[PDB]
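Below is one structure. I have some questions about it.
Of the protein chains in this complex, all but one are displayed in their positions.
Naming follows writing order (A, B and C), and every chain is counted from residue 1.
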Amino acid sequence: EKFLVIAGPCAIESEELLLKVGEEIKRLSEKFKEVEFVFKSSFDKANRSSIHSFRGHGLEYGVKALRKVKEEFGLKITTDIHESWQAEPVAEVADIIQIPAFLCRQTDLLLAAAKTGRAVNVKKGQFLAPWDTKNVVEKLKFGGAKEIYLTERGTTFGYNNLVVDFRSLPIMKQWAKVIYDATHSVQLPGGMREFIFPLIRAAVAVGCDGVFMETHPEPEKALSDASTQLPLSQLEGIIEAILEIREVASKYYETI
Amino acid sequence: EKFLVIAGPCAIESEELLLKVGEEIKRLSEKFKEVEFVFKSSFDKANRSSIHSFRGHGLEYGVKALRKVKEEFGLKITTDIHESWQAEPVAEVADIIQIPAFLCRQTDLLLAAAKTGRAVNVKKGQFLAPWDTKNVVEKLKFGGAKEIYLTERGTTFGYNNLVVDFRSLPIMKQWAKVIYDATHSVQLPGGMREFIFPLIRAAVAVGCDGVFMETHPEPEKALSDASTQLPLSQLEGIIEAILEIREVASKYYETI
Amino acid sequence: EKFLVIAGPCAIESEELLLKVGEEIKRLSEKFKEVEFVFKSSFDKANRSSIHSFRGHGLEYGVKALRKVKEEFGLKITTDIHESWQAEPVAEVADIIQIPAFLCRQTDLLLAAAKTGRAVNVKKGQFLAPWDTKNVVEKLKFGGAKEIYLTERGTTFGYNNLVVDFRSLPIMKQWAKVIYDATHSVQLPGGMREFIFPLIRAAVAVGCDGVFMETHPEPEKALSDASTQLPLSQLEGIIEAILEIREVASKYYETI
Partner (left out) sequence: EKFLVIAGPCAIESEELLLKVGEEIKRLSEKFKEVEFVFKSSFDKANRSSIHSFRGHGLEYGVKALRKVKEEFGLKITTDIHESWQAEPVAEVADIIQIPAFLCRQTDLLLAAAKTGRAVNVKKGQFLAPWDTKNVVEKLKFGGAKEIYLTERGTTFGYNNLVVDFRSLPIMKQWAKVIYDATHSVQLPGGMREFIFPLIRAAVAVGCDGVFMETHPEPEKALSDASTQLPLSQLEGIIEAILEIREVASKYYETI
């Protein structure tokens, strides 16, 4: 099956930033034809820890910038919603509607996304056990979702730390396609970037249906997740690496 | 102020149920004049695990039932909101607006609640560290809130289990009044009731500004948190118990 | 039943140190006649993190110093063993043989202690679940132990941190007398002392059969656990406090 690579800048800092990253993702989509790329970027960081941190330039501006990426590069789009009313307007551009990790249990948000007819990708809450996602998928199917993804992005492990329990990949695969979030899994809520590559190698070795990676031309200047966003120049190499490891490991992937 | 006791049935199964519980809380209110009682009940269980579980009768029916309790018994009210638009209509009756644990980082919800001018009680997310709540308080203050509470309700401890780290009480006290949720702290996400009383005794021994307890005439028949809701008949005894323990222990509560 | 207070300097830094602390413990035993005091001090810190840290002056010297405390003050004694061969010589002076937390599953060590005829107190391993202690007690009974204690000293919670799950007290009480370790529970393996008092208040409010507290005339100069040992001058006040909280809470202690 075609491997999914969801990548892009964490937040829509500007339409310019989006086009710069989109240009590269487009180039890679022409090279890695066996991969289905989906451009990701949040129009709003609605859950920052601090009231003083960057949130975004609004829904309107964001959807407009994303529409530009899709129009200029012909790339599929995904962005996250935070309240039910956002599903409809976002669905006009987003091929995949993303559900934030803290909101993976909010029934109305999941239902709002499901009825748009668009694909839905739910970030597994840091408080959720792998088997607890069966009901999340059930809600989505109940709401009309026909293409569902579950994203592994780490689990609460003590204070200000997350651990990736890779047993979650084969467990969640029982009821949905599985995506591994390579950048949020190494973040320290409220010794990070150095683990992005090794853990993503682990993910494809275990087996998943895609990977999610935030990338920015200059991470140190990013207005969000400056500590975990992958330098854009490193994207091509990481992708080639995971495709290689996926290929050699693939014959051993267990059947669900 | 005086010790706060937030109690009531988990969900508004019917205003009839609210009246029955309100009557008992009213009585206790007259018996323990040194305690400030606040009647609690959710008009919607917006985060149930299963799509087939009870959610409620809607915001309108709920606010109406809560109005009936306040008018008929002169009791302060508190209920939780799940999306920003709900803050205003709920504030019409709620003296304290409650913010769900999973939603404690949603900036707009916090701001929406703070804008109503009402007091705000934020349930500490199971993924949050005690010190990470300082930023939560700051968002509310920025939003104009002046009466702010933080509620301890357990922290993710492995899968399908929560642990109460009592160190959180003195830590959170540095920036807000602290409430201990005696019923949700012992629930196993996705042997419970036997630990409610023991842990509530610990909470007052350590020191807090109030306690939160869901109570129902017949917990076994409750449509929500049936396994953890306290039988109404046992409420008086537990309240008297914590007041006695508090009276003695308060002598040793650390400053700030 | 007579409450147990196990206290003393973490390590036997010198026989002099022991006599100084013993003198105070003796004074308190004359005042708090409802408490059974047991003087504690390790002849060897066999599990320090660093090879460069203080361990002790040997078994011989330690047993001799402890015998002096018992002889001069008439106080019961307890110390921990690390290998089976130490049970016999230690049993000559120790009224209670202590089993280290990391060694709570070593069958031969538990058996060696049990056959001495002395009481045995097992520190619950940081890796052990409360219900997992039933088998620990079974081994001891199998080995002839007639007086058994289980000590709560925290559970692994993320890296370099421990949490006290107070549900462990009533659970372990099902098969043994329960002791709460007030000083090791707040240590950060490999923001500490300020939590000793509040957590011990929680322990007696929930209900336990005794408390364990390391105390040193000048903690900052201690050769071990300098961050958690309680200043000797503060011991009397803490003990009075827990006896008061125990008394008022006692009528609510659940029957096992």
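To be clear about the criterion, a residue touches a chain if its C-beta (ideal position, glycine included) is under 8 Å from a C-beta of that chain, and two chains touch if they have at least 3 such contacts.
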| item | value |
| --- | --- |
| Chains in view touching the one left out | A, B, C |
| Given C:19, C:28, C:129 or C:243, the one touching the chain that is not displayed | C:129 |
| Of A:2, A:27, A:31 or A:167, the one touching the omitted chain in the full complex | A:167 |
| Absent chain, residues of chain A that touch it | 155, 157, 163-167, 169-170, 186, 194-195, 197-199, 201-207, 241, 244-245, 247-249, 252, 254 |
| Residues from chain C at the interface with the omitted partner, ascending | 46-51, 55, 82-84, 102-103, 105-108, 125-132, 135, 138-139, 142, 155-156, 159-160, 189-190 |
| Chain B residues touching the omitted chain (full complex) | 157-159, 161 |
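Just so it is clear, only the chains that are shown with their structure count from here on.
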| item | value |
| --- | --- |
| Interchain centroid distance [CA atoms averaged], chain A/chain C, Å | 49 |
| Whole-Å separation of chain centres (CA-atom averages), chain A against chain B | 34 |
| Centre-to-centre distance between chain C and chain B (centres being mean Cα positions), rounded to whole Å | 37 |
| In chain C, residues with contacts to at least two other chains | 157 |
